[PDB]
Amino acid sequence: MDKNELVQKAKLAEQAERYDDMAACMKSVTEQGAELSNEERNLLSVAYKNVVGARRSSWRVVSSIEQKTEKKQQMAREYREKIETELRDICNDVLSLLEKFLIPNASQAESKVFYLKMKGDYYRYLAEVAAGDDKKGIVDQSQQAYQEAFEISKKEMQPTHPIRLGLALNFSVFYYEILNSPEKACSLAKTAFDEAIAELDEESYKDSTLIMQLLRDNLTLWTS
Amino acid sequence: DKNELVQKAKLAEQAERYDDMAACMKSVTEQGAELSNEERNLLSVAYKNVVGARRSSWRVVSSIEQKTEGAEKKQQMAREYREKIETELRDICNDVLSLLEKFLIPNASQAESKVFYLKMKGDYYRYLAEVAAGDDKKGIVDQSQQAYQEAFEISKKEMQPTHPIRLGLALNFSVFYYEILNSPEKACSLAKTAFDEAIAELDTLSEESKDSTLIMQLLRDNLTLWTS
Numbered sequence: 001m002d003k004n005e006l007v008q009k010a011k012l013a014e015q016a017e018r019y020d021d022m023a024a025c026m027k028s029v030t031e032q033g034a035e036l037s038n039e040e041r042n043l044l045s046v047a048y049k050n051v052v053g054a055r056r057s058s059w060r061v062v063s064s065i066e067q068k069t070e071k072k073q074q075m076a077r078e079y080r081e082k083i084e085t086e087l088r089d090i091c092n093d094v095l096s097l098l099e100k101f102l103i104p105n106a107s108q109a110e111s112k113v114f115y116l117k118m119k120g121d122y123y124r125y126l127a128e129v130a131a132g133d134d135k136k137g138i139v140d141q142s143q144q145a146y147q148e149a150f151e152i153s154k155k156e157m158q159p160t161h162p163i164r165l166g167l168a169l170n171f172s173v174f175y176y177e178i179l180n181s182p183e184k185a186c187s188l189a190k191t192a193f194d195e196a197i198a199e200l201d202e203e204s205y206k207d208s209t210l211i212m213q214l215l216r217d218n219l220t221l222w223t224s
Numbered sequence: 001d002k003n004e005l006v007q008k009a010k011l012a013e014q015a016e017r018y019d020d021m022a023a024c025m026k027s028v029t030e031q032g033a034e035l036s037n038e039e040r041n042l043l044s045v046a047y048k049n050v051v052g053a054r055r056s057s058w059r060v061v062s063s064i065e066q067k068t069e070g071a072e073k074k075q076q077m078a079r080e081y082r083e084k085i086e087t088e089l090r091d092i093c094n095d096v097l098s099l100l101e102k103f104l105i106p107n108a109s110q111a112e113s114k115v116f117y118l119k120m121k122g123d124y125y126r127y128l129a130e131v132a133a134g135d136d137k138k139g140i141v142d143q144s145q146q147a148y149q150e151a152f153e154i155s156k157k158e159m160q161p162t163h164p165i166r167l168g169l170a171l172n173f174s175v176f177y178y179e180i181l182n183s184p185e186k187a188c189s190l191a192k193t194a195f196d197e198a199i200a201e202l203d204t205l206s207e208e209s210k211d212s213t214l215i216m217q218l219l220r221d222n223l224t225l226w227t228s
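Protein sequence lines correspond, in order, to chains A and B. The first sequence stops at residue 224 when you use this note's numbering, and every number in between is there. The second sequence stops at residue 228 when you use this note's numbering, and every number in between is there.
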């Protein structure tokens with residue numbers, strides 16, 4: 001199967017809302033070893049976001065039910081654990097694609113930042129589901145991926161770039177939800193918003209302004 | 001225990017993991033005891049979502065296949081993906097249909113249950129008809145129609161016109177006539193008379209069962225849609 005066939009299949013899969021299929025297609029495309037285009041990496045990103053997202057959403061419902069409770073608790077525990085291993089296997093899939101192919105072949109700063117954010121995101125999803133000794137090590141890998149991406153984005157992208165903004169958003173969420181550092185989360189979110197607002201005049205600014213809206217909503221929610 | 005499987009099913013439902021939910025309720029059904037009303041609805045909801053994901057996907061890919069004139073390679077791809085999805089959908093329908101034949105219908109000890117399961121048999125043959133190849137289609141359509149018809153006979157004799165399962169059967173059977181049999185006049189008459197019969201006996205509507213009035217509204221929405 002050549003790359004272009006796989007990418008068209010991935011697009012079919014997307015429209016069918018069959019994201020496992022979509023992920024498998026873009027996994028195999030990535031494994032060919034050629035640097036992905038903007039379109040291709042966005043398809044890889046959307047595919048796995050939906051694949052992991054389903055498990056994350058399920059995990060939240062079941063872990064909550066486990067808290068709100070008997071023999072029902074052991075069942076809810078075991079089901080959470082089943083969902084967790086699915087979730088970990090997906091995260092590790094993505095993370096090894098990032099290490100073996102995506103990050104090394106990333107020829108541009110934009111790309112490097114995109115993939116490092118992605119590395120931060122997927123370690124963060126592991127962090128959500130980690131406990132015991134492992135968690136501190138998982139959280140630090142997330143934070144280092146984000147931090148490197150954060151530095152590169154500050155140096156080489158404008159404040160209104162959607163990838164720079166998107167990074168600010170996710171990194172702020174990392175601080176609030178994983179590190180429980182509300183003040184760092186807010187200051188990071190506020191400066192990203194403010195620096196973007198100050199930028200006068202964005203070429204295709206629909207995505208950028210959407211993230212700005214999400215940044216401010218987070219600020220409103222976190223400030224009571 | 002049956003009870004543990006049912007609690008797992010409910011947990012799967014909460015997680016929106018419907019394949020798990022379906023697997024649980026399948027094995028409960030396979031224990032051979034008549035399902036409670038709660039268990040019946042869990043099975044139905046489970047498979048509705050399992051089969052529905054494929055139906056929805058099938059409709060998207062089928063639409064793309066027909067809307068692409070130029071690219072013969074893109075059509076061939078869409079076709080092969082349609083067929084992949086079809087075999088998934090057929091296996092689901094066949095599992096449900098075998099559960100209905102082996103366990104659910106023969107053990108149905110009330111008219112309410114038998115109509116429900118017969119309607120369900122009609123629905124899943126209908127879903128097979130949606131995706132059926134020209135040759136096998138006529139036979140699959142007849143199995144769908146016979147299931148619905150028997151369900152329709154029993155509901156007419158045993159159930160009140162305002163009963164949600166009677167109304168629901170009228171809705172689906174009218175949809176069968178319109179979409180599978182291309183018989184809009186039959187579809188409309190079936191829908192109109194079920195609506196009118198419900199309206200005539202509004203006094204015999206029990207306090208528990210909105211459901212009835214929601215389905216009546218759906219019936220009349222189809223009438224006005226199909227009349228235009």
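Since the hints were derived computationally from the structure, they do not count as laboratory data. Misleading hints may appear alongside valid ones.
[Stated by the list, open to error] Facing chain A, from chain B, some residues (calculated, C-beta under 10 Å): (1) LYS2; (2) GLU4; (3) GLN7; (4) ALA12; (5) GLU16; (6) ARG17; (7) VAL50; (8) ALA53; (9) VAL60; (10) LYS74; (11) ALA78; (12) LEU223.
[To be verified] For the chain B half of the interface with chain A, some residues (derived, Cβ under 8 Å), not all of them: (13) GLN14; (14) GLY70; (15) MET77.
Think of the CB as a built atom: it goes at the ideal place given N, C-alpha and C, for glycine as much as any other residue.
The hints, checked one at a time:
Below 10 Å, beta-carbon pairs count as interface contacts, and B/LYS2 has none with chain A, the closest being about 14 Å; its hint is therefore violated. Hint status for B/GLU4 relative to chain A: holds, with the closest Cβ pair at about 7 Å, below 10 Å. A least Cβ separation of about 6 Å between B/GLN7 and chain A falls short of the 10 Å threshold, and the interface hint therefore holds. Satisfaction of the interface hint for B/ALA12 is found here, the shortest Cβ-Cβ separation to chain A being roughly 8 Å, below the 10 Å cut-off.
Nearest Cβ of chain A to the Cβ of B/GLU16: about 6 Å, under the 10 Å cut. The hint holds. Interface hint status for B/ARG17: upheld, as the beta-carbon distance to the closest one in chain A is roughly 6 Å, under 10 Å. Against a cut-off of 10 Å between C-beta atoms, the interface hint on B/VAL50 is violated, since the closest Cβ of chain A lies about 14 Å away. Against a cut-off of 10 Å between C-beta atoms, the interface hint on B/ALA53 holds, since the closest Cβ of chain A lies about 8 Å away.
At a threshold of 10 Å, the smallest CB-CB gap from B/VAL60 to chain A is about 5 Å, leaving the interface hint in force. A cut of 10 Å between beta carbons decides the hint on B/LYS74: the least distance to chain A is about 7 Å, and the hint holds. The restraint placing B/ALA78 at the interface with chain A holds, with a minimum CB-CB distance near 6 Å, inside the 10 Å limit. For the restraint placing B/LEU223 at the interface with chain A, the shortest Cβ-Cβ distance is roughly 31 Å, beyond the 10 Å limit, so the hint is violated.
With a least beta-carbon distance of about 5 Å to chain A, the hint placing B/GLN14 at the interface is held under the 8 Å criterion. For the restraint placing B/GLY70 at the interface with chain A, the shortest Cβ-Cβ distance is roughly 14 Å, beyond the 8 Å limit, so the hint is violated. Given the 8 Å rule on beta carbons, the hint for B/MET77 holds: about 6 Å separates it from the nearest Cβ of chain A.
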